Structure formats: C-alpha cells, structure tokens
Amino acid sequence: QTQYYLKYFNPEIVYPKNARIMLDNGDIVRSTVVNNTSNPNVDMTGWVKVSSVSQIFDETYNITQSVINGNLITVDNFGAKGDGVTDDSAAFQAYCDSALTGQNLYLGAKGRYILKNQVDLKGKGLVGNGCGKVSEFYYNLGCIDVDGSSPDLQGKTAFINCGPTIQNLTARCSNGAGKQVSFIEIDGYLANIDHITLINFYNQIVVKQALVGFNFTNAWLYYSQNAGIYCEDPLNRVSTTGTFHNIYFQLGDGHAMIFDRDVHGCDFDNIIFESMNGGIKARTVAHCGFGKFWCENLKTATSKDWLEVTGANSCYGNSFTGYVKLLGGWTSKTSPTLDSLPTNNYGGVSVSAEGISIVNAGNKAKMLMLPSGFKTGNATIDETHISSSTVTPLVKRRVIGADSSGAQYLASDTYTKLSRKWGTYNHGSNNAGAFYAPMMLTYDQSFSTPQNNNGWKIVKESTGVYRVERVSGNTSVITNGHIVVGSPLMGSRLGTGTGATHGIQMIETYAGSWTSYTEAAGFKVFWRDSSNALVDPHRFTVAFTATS
Amino acid sequence: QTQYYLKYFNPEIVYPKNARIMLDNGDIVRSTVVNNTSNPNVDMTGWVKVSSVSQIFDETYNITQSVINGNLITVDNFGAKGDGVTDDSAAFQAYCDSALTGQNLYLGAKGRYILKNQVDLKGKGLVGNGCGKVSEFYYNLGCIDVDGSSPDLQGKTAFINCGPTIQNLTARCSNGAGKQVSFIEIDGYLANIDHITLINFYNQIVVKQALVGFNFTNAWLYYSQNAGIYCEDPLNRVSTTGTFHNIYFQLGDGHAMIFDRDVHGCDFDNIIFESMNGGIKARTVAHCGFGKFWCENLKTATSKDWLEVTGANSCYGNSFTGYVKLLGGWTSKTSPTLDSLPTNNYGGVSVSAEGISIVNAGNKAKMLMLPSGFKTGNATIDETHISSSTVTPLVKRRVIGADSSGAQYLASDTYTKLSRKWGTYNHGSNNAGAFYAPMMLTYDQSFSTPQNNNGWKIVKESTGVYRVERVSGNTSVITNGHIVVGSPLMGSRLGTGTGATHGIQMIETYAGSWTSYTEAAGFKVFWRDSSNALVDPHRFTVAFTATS
Amino acid sequence: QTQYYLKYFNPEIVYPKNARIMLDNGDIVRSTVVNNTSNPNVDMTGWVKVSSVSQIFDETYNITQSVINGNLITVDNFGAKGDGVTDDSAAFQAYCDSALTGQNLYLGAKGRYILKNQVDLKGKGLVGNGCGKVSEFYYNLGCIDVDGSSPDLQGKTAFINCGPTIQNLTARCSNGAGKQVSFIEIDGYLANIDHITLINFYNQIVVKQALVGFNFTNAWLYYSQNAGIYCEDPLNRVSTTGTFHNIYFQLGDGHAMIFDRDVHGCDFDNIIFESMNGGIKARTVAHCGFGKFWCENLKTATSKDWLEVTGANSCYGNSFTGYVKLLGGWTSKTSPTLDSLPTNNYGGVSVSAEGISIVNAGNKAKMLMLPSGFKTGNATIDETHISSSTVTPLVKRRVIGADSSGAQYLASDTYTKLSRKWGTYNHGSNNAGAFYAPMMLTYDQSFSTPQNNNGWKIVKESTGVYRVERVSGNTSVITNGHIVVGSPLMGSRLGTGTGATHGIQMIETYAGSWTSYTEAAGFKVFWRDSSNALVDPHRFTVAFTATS
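Residue numbers (the authors' numbering), protein chains in the order written: chain A, 18 to 565; chain C, 18 to 565; chain B, 18 to 565.
In case anyone wonders, no lab produced these hints; they're calculated from the structure.
Check each hint, because a few of them may be wrong.
Any copy will do: because identical chains look the same in the list, a pair fits if it lies in one copy or spans two.
In silico DSSO-like cross-links for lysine-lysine, where the CA-CA straight-line distance does not exceed 27 angstroms [said to hold, decoys possible]:
(1) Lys24 / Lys66
(2) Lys139 / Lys298
(3) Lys66 / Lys127
(4) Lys477 / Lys196
(5) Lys34 / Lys477
(6) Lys298 / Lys196
Pulled out of the complex, with its shape left as it was, chain A reads as follows:
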C-alpha cells in the first residue's frame, strides 16, 4: 500500500547510494554504495543501520553520538540491571574484560547491583555511585550488594585484583553470616581508598602483599565479622608508609585492623572504634604515628587494648600524639601516666592532655611531664649534655628573688668534682654569696681501713697530730677553702665525755703554695687537753671545702 512506508529487500532491485529499505526485523538500513545488490539481512557490506548512534550527530560538536558515548562507560553498558534481584556479576566481568573501558569500573547513576559470583577486576579500580549512610535508603539508591548466600562465594573474596582506586562506594554483603565472604582484594603497593561505606563481610578490605604508599581515608566500616582491614603479608615483606585516616569502625564481631606481621612508618589518625571486639592488632609496630582515637564500648568482649602488639619488644619508636578516648572496656598500653615495665613497654613518645612522656620498649626508664612537675619510671633522673663528648660540669640557675630593678634574679649553682655550692646575691650591698655543702671526713681508730672522701683520708702522724692528706694518685688541690673541725670522742669509740682543743696547719703542694697562693694539698689537725698537752682522740670529724 502507498499509505505507509515499508519496503523489504528485493533481489530484483538495484539500490542506489542513500536508498533506504527495511531489514526483515523492521529496522531501516541505508545504502552507502552505488549499484547495491547485496541483501542487508545476510550481508551488511554497503549498508548502515540508520538507528545506530554511529549515524546520529550532535551538530554542536560535529561528532557522532557514538563518540559522545565514550565519555563515561559503566557496568550498565554491559547489561547490569542494578535492580536488587538480578545477578549482575557477568556484566561486571564483561566490563573488566572489555577493550573499551578505562582504569576504573563505574556504576550507573542509580542501582542496587546484586553479585552472586566473584568478579575479577583485572587490575581495574572501583568507583561507585555514592558513599552513603548505613541504611536501606542508601542501598536502594546506589550500592554493590554481594549475595553472601551464594555457594560460589562462600569462603572467598567477592572482588579480586583490584586496581589502585576504591572510591565513592557503598557496598554490603546480604545473608552472609557464617559464610566467610570478604569484599575486596587490593595490592598494598600504591593505593588510594577514600569515601567508602562497607557493611557486613568477613574481611572488608583484604590487602595483598604488604603496604607501601597505601592511602586509606574517610571510611565507614560497619558490622565486619573478622576485620575491617586485613593484611596477611604472607612473604613477610614488611608493611610501610600506609596512612589510615577518618575511619569509623562500628559493631564488628572481630578487630578493626589485623596485621599478621610487621608495620613500619604508618600513620593512623581520627579513628573511631564503636562496639568492636578489638582495635588494631599487629605482630610488630615500629616508628608509626597515632593521632586521635575514640574507643567506645565492646560488642561482646569485656576488656580490649585499642592497640595490641603481640611480639616481645616489638612495639617501639612510635608517636602516640593524640588523645585516646577510652570508654566501656577499652584499655591502653600507651598512656603517658602508665608505669613502665622492665621490658615489653609499648615504646615511644606519648603526648596528650594526660601528659608528655617518653619510654623505650626494653627498659624501665620513662620520663613524664605533668602540670605539677616530673615523674620517673626507674627512680632516677639524669641531667647531662646533649653532646656525649662534652665533659664540663652543668650550671643550674634558679629564681630566688628580685634584683634592685625588680626583675627576676636567677642564682647559679656549682657542682664540680671538688665543689658543691648554691649561689645567692645581696642586692642591698651588691655582694655575691653562697651556701655550701662541704666534704665531711671522719677519723676513727676502730675502723678496719681509713675512711676516704674524694682522695683524702685522715691518718695519725704522731701524738695529737693528724694529717688530712691526699692518697696516691690524688693530684687535686684545695684553693682558699673553708675548714671546720668537729667534736672529739676521747678515750674510746663511745667516748669518755672529756674534751680537747684543736688548731690546724696547712700542708702545701710546693713551697709557698699556701702562703702566697692559698693552694694546699691538705691540712693537719692538732689536739690538746686542758693542760695544753697533745692528746689522741679515738674518733673525730672534719668538714672542709676545696674552694672558697
């Protein structure tokens, strides 16, 4: 009939260039060649389908719709339904096997994509259609929904061979309790994971080999059965330089993070553990940074450390430099106020409003600064030079008052091998002064061996005459020193109670050393009774200084 348009191929006809007819299925074809006698139903040489996007043009750019359709390709291009029912695993696989697709796999605008079989990403990363809250509202708008009841997924990871990107993604496992379905495997060398929400699964993120240049941020990781993030490191490569920031772990049956082996130089900050059964676990944690942690409640456990390091002396070199909030059963081995152990401390510096402290793994030494002052873990505080080769004494300066202008006066002490003093100053008369801790030394004829202080001993020279003298090898001297002789015990060690009167005489180092330069090797003590006869105490003390 001439009242509608419809012509099928006729073998008797010669079709000119640009002639249009219908294929037997009704689709229109256009001849691209002169003298066309080929049947387009069996042989499309010399014909094009007019309803193809390669034959549709955007006049704004003078290009085909075919070209425009290369701007963004998703799993929907390969037949994914995203309908919450149909298995889309074959469409996901076809995307990853395609020659047309780029670095990443993309989801379409709206969809709940069911997966019932493992997808091999073939090195492609994963970009979703939104990072949603943990609710059906968001799952229905955009997510990957792994069917954990699928026999082909039991004990397996849903996505393998992930590229260096996981982002902008909501992913859940439905009906997988007890089936050990993990979400994704990604290599530890070079990754950017950000803005993800993962729900259920056994291990949510499975890291292959070891971390290096691995960046993980802004993740809501809810209801994992074993771990949020799991790194086996089967070859013991040793993980390094991983960052873990802004991660919310909630209501996991296991740990937040499990490293079977060793972690060096990694950074963890702004992490939340809410009703988990474990925090971060590793064999070794070395030279890592830890910032703020908020640890609130345990799922079924009664007590757990926020950081658990299993190796002996294998937690060391760390920076615990943010406040760790502990509520509802969480504990810490990293608090500045924690007492040190002789070994197996969690080694590092700890800085928060609780205190500023520093400790090593394999020793009791620990220093803590608080608003009130200092605390030590080994009953000892050292003061020395930063340089190990410097061998001068130190000087301590301490505020003791005001000068004449009203400014703080800091007085200087002395602590050398030969002198212990504390300085002062009289600003009324403008004179320096000092308080002294003298050397004290006692003679006692009942001693088995003479008492020695700092290379000096007291010996009897003759009746009533005692030398406070230098022993062999003592080349130190007294310079203009102060001398006080103590009280004699006469007749016996207990004493009779009788008294005696003393005088002194200096012992020079060389002729005139004392007379001219007030240098002495020591001094003699002479003891006399009330008749002025020389007499021998059983015991007496002397006190002296080696400087003025």
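Use these hints to put chains C and B onto chain A, whose structure you have.
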C-alpha cells in the same frame, strides 16, 4: 507522495508490522503489531516513536541509548537551564523527587544555576560541577547561585535534608545582605564534605543535631554574615568525632565556627582565619585536637581569641599541637608561654616552637619546657615516681666531669628521710666522695619549747651535759655519722663572749651498738670552761649526719 | 525508484510541513514550515536534520538527547583520539576555548592522549580518567602522554594557566630526557591538587607566584629530572598556608620540592623520598609543620639532608613532630638528639620516639627530654616562673619516702636569698626536719680585701675579738640561726699548729632584737689561748645560717 515522504494516519488503512507513518505533529511512528488499525495520535498501543532513545542503539554494546542515558543524570535532565537568570528550583526538586536518581544530586557540565525557592534534597547529597576560586569567572562556568533577594528564602536555608555528601561544589548567595539566607542543612551523623567553595550566606553550613563521624575538608568559605559552620545541637546530644581540615575562612562578618553547646574528640588542622570577626566559638571543648592555624586580621573587631570557649572550666583535655600564627588583633588563651590562672585555664597540652607546656583547667599548676630550661606556673616543681605506690627515694645523676677514659662522669645524689648528699669521684686516686648537707639543731634555754629536727632534740641532763636525743616514736638511728658542735653563747642569750670546750659521747640503741656496729640513738655534748669545770651555755648549735 | 525510499530536492515541488526528503549527501531533512520551496542543500531555514540529537528525545524526561549531552563534556567532544599516536593538542585547546565547557577539562573514559604542543588551559582545572600506578598497563587505559621529543615543547611547560583543580589524573612525558619539559603551571593562591600520578618531566608541578590556601595530597611523583614541585616566587610574595600530604617521590634526579625563596605556615606530612637526590629545599622555612617522612636511598648523591634550608638563621619556629626515617644516606638537622650550634640551628620543637626537644635558630640553648632524664645544649638548665614579673622563690618537692599511711611523702626544699635547706619528716615521732647548706665565710689577715659572703664580712675589732658584720647596704638579718665556728690557723697563714678556744656574742639590729625575738645583724667571735688570754688567729672559718 509523490516527491517527498509524508503520510498521516488514515482510519481506512490496515498497517502491517514495521509500517511507518507520521503523527499529526510530524513525528514518525512504527507499528509493532500486525493488522494495526489503532490511531497512534490518540492510542500508542502497537506503535513506537522512532526518534526516541529507546529505539536508538549503540552497536558497540548492543544496548539502547536509553540505557546509556542512565549512566549520569543531572538537574539538566529535569529542565534546569543554568543560564544565570531562570529559576531552576522546580527542576532541582523534580530531580530529588524522581525514582530515577541516585544518592546524590548532580549539576550539568556548565551552568550558573539560579535558585529562588528552597529545595528539599530528600536525603540526597550534593555534587557540583567544580570547586572554583572566589570570582565571577568560576561562577559563570559552574555554580549554584541562590537568589538572596527572593522573599521565599528570607530567614531560611536554601537546601534542606542534605545527604552525607557535599563535594566538588561552588555556591553563592546573590543580593542576600541582611536577608539571613543560609546555604545548607546536613545531619551531624555521618558526613563527608570536601572540595567546596561557599560565598556569602548567613550560615554557610548548618549542621543539624550533633556531630559524629563528620568529616569536613578543603573548603574556601568566604564572606559569611554569621558563621561558616553553625551547630546548634538543640537537644544537647554533644558533638563528637568531627574533623575540620584545610579550611580557609575569609572576610566573614561573624565567626568561622559556632557551636552553641559542647564538642568532644574533634580535630581541627590547617585552618586559616583571614579578616574574620571571630574564630571557633563553643560552650565546651573537651579532648579535641588543634593543629596549625593562621589567623591574620579582623574585619571590624579590634581583638578576638582564635578559640573562644564560654563555659567555666569547660575547655579541658585538649591538644594544641600546631603553631598558631596571630596577626592583626588575634589573641590566644592556649600559648605555652601564657601564665596559668587559678581556674578557667584552657586545659591541655600545648606543643610548638613557642614551648612545650601542660595545664589543667581548674588549677594553677603549669609546666613549660623551653630551650633554656623549665618554668612553672605555681612556684613549685615536683619530682616523684610514675607509680603512686612506689615509696623509695629518687636518685638524681648529674654530669660533673670526666672519667679516666674521657667519658662523661654522672655523679649520683642522695635524698632520703635521714640523709642529703651529693656524690663525686676522684679518678686520679679512684675514690668515691661526697658533699654533705647536715642536720642542724640548736639548744637555747630561752626557747618556750625545745627545737626539734627530724625526731631529735637537745635537752640538759645535768651541769654541762646535754643529750642530743630521740623523742618518743623516733626509731631512726645514726649510722657512722659525722658530728660537728657549734659555738657557745655563754651566760645569756646575747652571750657574754666567754668560751668553752666541748667533747662528745655516743648514746647507744642497744649495748655495744656503737662500739661494734657504729649505730647510735644520739650523742651527749659536754661543755667545760678553761679550768676544766663543767659549764652551761645559754645557747649552742650542733650539726650532724645520720650516715657516713 | 518505487521499491526503496530516496527523494532529493526538486525546485518544482512545494514541500508541506513535516515532509521528508534527502540532502544530496543522503541525510534526511524534515520541513518545519508550510509551503517550503527553499533548497535545504544551500539553505537550512525551514528544515531540520532528523539524525541530529536535537531531534532525538528521551521520553523518560521529555527532553532532547542534545540536553543530555550537556551532562558531561570531554576532550573527545572536540576530536581528541586518545589513541597513543595522534596529537590531541588542538582538541584540548578547542575544549578550553569553547563556550560550552565548565570549570575543568575532562578526559574521556579510555585513552592515552598524546600532546605535542603546549595547551593553554585558560583558567580551567584538569580532571583525568584515573590515578594509576606507574606502569604501561595504566598509561594505556588512561593518561595524558606529553611528547617530550616535540621541538615546540623543549624548555616549556606542557600546560599553562591551570585553574584551582588538578585531580584523578595520570600524566607522563615520553622521550623528554634532556629537553626540560615541565608538566603544569598553576597559581599558588587557592588550589586543590589530589589523586595524581606524574611520571618524568623536568619540573612536575610548577607553582606560579606564591602559595596561599594551596592544598596538595595523594600524589605519586616519579622520575622528575629537577623537582616534583617547584616554586620560584619571583616577586618574593612569600608562600604561606600550603599543605603537602601523602606524597611519594621516587627516583627523581633532583629534589622532591624546591622553593627558591621563603615558606611560612605550611604543613608537610606522610611524605616518602625513595632514591631522590634531594628532599625539600628552601631559602627560609618559618613556622611550618613537619610530620612523618620516610627517606630511603639516594639516586646518585652520597649524602643529603631531608630538609635543606639555605638562609642563615632562616629555619625557625617550626614543628618537627613526626618520626623521620633515614636510610641509605639521608641526614637530618632536626633530630632531637642533635647537638645545638651557637647559630644556624634548624629552629623549632622536635617530638618523636628519639626525644622531645626545643631549640632556637640563633642560640646554643637546647633542652631535650629522654626516658633517662634531661640534656642541655649550653651546659645550663634554668628553673623559674612562667610569669616574668613573679619574683618569689620556687619550692621543689621530691619523693623521699612514705608517710604513716604508706602514701608517698614529697619533701619541700628552700632556696631563698638567705636560706638553702632540704626538708624531711619523721613519721615515727611526727616531727619536721631539715638538712642545711650554710653560708661559709673565712677571715684571713693576708687577704688584700676582706672576703664577703652575701653582705657579711669578718673584721678584727680588737685583740681576739672579731665581728661577723653587715656591710653598708645589707639590711638583711639572721633569724634564730645556727652558728658553727671553724678551726684557727695561728701565728701565720700556714699555721703554727697551736690551737685556741672560741665563744660568740650576737650583734643586735635594735635593742633586744636577739634577746626577745632572735633577730641579729651578725655576731662576734672571741678567741682565747689555754691560759684564757685573748689571741688573734691569722685565719679562721665561720659557718652560719640566716634561718633556723
């Protein structure tokens, strides 16, 4: 016919399957059924429009253009013009009400989208078409432009019920000065806000309820009239675990951030306040981390604190661990060098090149470490054990010289209940030594009650005989101690100037304690005149040590 | 003609509205006007091409495909091939010159885009099609590939006038060794750079003018010939407020980052230098934050500092608050344990497991806290008040034992201008006690001038009578003090060995001061021989305290 193609529906004709005719509007329809006698102008059963994307195919994928058009949906799909003039609010609303759209609302590639009415996002997040600089160049390429002169927006927020995402967005309010138009309301529980530029508005980001798992980064927030970020928390839920990083606040008439109530465990880092009239304000700030801030100039105010906490003793537990640059009127209550108050300190640890300090809110105690040493806020420095149950003394070790090999020699002190000494060593003779601070105790017959030092007092036993003895309950002993008797004041308290000679006798703890083991309870002092008769001074001093 | 559809324009025909004919090229046109007699081959007024996307509709939205094609525009829209061979520079330029394109330039889904000529971005930012690993696998899926052998690119930057965004991008330079081809120029004021991988180039990122509000994160920067990031700052604006996080610099022939001039208030964290020939270099680094750095191996250099600051005293105010790992030749001038210099220190606070320290650029002073205690860089440790106007003494409290309940007993010391003591307590008898460091002062008639301690000196008054007296301006007093007179040197400075007996008498400040209130100005010492005659020693010591 005959020289062009055009056939309208004719009720006398039976249209076979695949027949094509034109609707009365000129659009071509194709029959999908045999024996078609239905008028496609009134009833499209058995017909399809050939210019629909459901009838156009991409042969590369063997799918319709309709499917490909599900890859990315924007407000442009719902009639938004983005032309800088036409109100697009209805198109934005239709997007949010549509069954076809995903987690987020998207803008088209290019457009300045005018909004004159409030949009209810219905839980969808917001993704823009670029995070631009603050200039018309970027607004013209891609932004949301809220008409602040619109009566329907006065006193209201432009977008309500935002989902968990705001990203890649430029948004401004035009002609809204004095109209109190705010930009967006987002729930505090689970948010990722990043790469945004917001210009004008009253409150730019309005947080509903309280922060928890709320992450905010990389934002240029210019010219707000009240606040960049405002959290009312009307139910006093208490905000936690919010992160605020890489935010540039510039030329706001009010504050950068206002929390009407309480914030716990939040992190703030790499924040700039340039010509604002306020920094961060809250009622309570507890266990929060603060990193680097650059605060330069105030808009109209003369002086403002970078952090303003209004509650009494409600700033505590914090980490102020980055440098805060203060220029042009900004002040700080968190500097390490700030003197402590007896109460209402901004409590926390403060660490920067200005000093390392720690302070609590409700107490004067504060410790500060600087290159020169230490400073205290309460005129006191404590030194004790980390363990509160340990009750041993401490030992301090201090460099005083070199050993014979040239290495540093650290000498040990003694400070027990019974002994105060400073150790030394003579490496020439290989002898230890010590400097002493003895107990001193004075007898004075004019005292109302005897002087007591450490459980010892001096009493007259008989003429010229005095006991330096233990009082009731003092079970401590002298072991091989040093004894020095001081100078007598004879005849009166002032003294006559006459002298006397002393001797001592030990007082044993048990028979033979001193003679055999040099243990004593105390000692007697005997005083005699020049004729060797026992005499009584009015006043005299003794000095002794309880150890050698 | 009757068995197919084909009709060309015929000037004898009047075409009704909706009539369809073919253009001479075979494309169908439809008349949009009644009585159409215009030839569509020369004049398209009154006609539309039916295969244009402006004539194709998505019935789901009731809009044209033309509108949908505004959702995402890429370089593919302007003829870019992304085929690894064809120069796409003209297509990139057309995109940037187009009225249709938004804030940023976008790549299509898949392609290796060759550029042989410089592209002027015209203020558009750059968004790629993935941030890949450093391998051909990823370059083939999606990258920009700059032809470094192109003569038009020698010595030039490939992209100029970049907008505020660079993201989600992989870019390499092929065959550019020795040709000094740099990648991109971007203004320092307001930038967000994230998730990029850059390979080869001379300078990878060229920052124009100076940093301010410049945010750079998550970047793998491999094989640069001069620098990963270069900032000349030709006008000396001074760079501020830049953030550099999560950057992996690997196998560069030059530095990671070069600032020719000054940097203030910038933040660097989680940075890796692997086999580079330099770290960060700048003229001045002021008030910057440095976090974790992992520096492992040098490419050809033997030794390099991770941070190199060239100006004298131009590294100051900084926070070195993360661990810096140094392996294979990297060195540091920022370690807490490094000895201080008199000048040119890298000034700042340094906090890690190595120690907690603080130092200024232009002074030797440095304090270090370690597990064992403290170390100083200038042989001095100060203890004072935080307030510069407070002029009271300090009290130190130190654990010395236990009280009767078994709690720690902290004893208090005394260090004033007039007194030095250490407190103790006897919990058996419940008595306070103290250890004393007295003032010591010696008389010697051979001194050129009298010895003075704290405003007191000893003068001869008459035969055998000596005054321990206040000098002019000393208004301080003795209150209930302890007095010990030392041993006399008789006859000469050396001493004869004869002795003498002393007594004392107080010198009052006013009549009755000592007798009634135990206040004294000083005291007299009287010396007598065995016949009780007054005698003059040549030299003697006194020790006394100004308080009890």
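Comparing the hints with the structure gives:
For a Cα distance limit of 27 angstroms, the shortest separation of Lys24 from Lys66 qualifies both inside one copy, at 15 angstroms, and across copies, at 19 angstroms. In this assembly of identical chains, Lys139 and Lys298 lie within 27 angstroms of each other by CA distance neither inside one copy nor across copies; the values are 30 angstroms within and 40 angstroms between. Proximity of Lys66 and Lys127 under a CA criterion of 27 angstroms is satisfied inter-copy only: 26 angstroms between copies versus 30 angstroms inside one chain copy. Proximity of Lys477 and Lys196 under a CA criterion of 27 angstroms is satisfied in neither setting, with 93 angstroms inside one chain copy and 92 angstroms between copies.
Taking identical chains as interchangeable, the C-alpha atoms of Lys34 and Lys477 are never at most 27 angstroms apart, the minima being 137 angstroms within one chain and 139 angstroms between chains. Taking CA atoms no more than 27 angstroms apart as the test, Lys298 paired with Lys196 passes inside one copy only; the shortest distance there is 23 angstroms, against 50 angstroms between copies.
Violated hints for the displayed structure, listed by number in ascending order: 2, 4 and 5.
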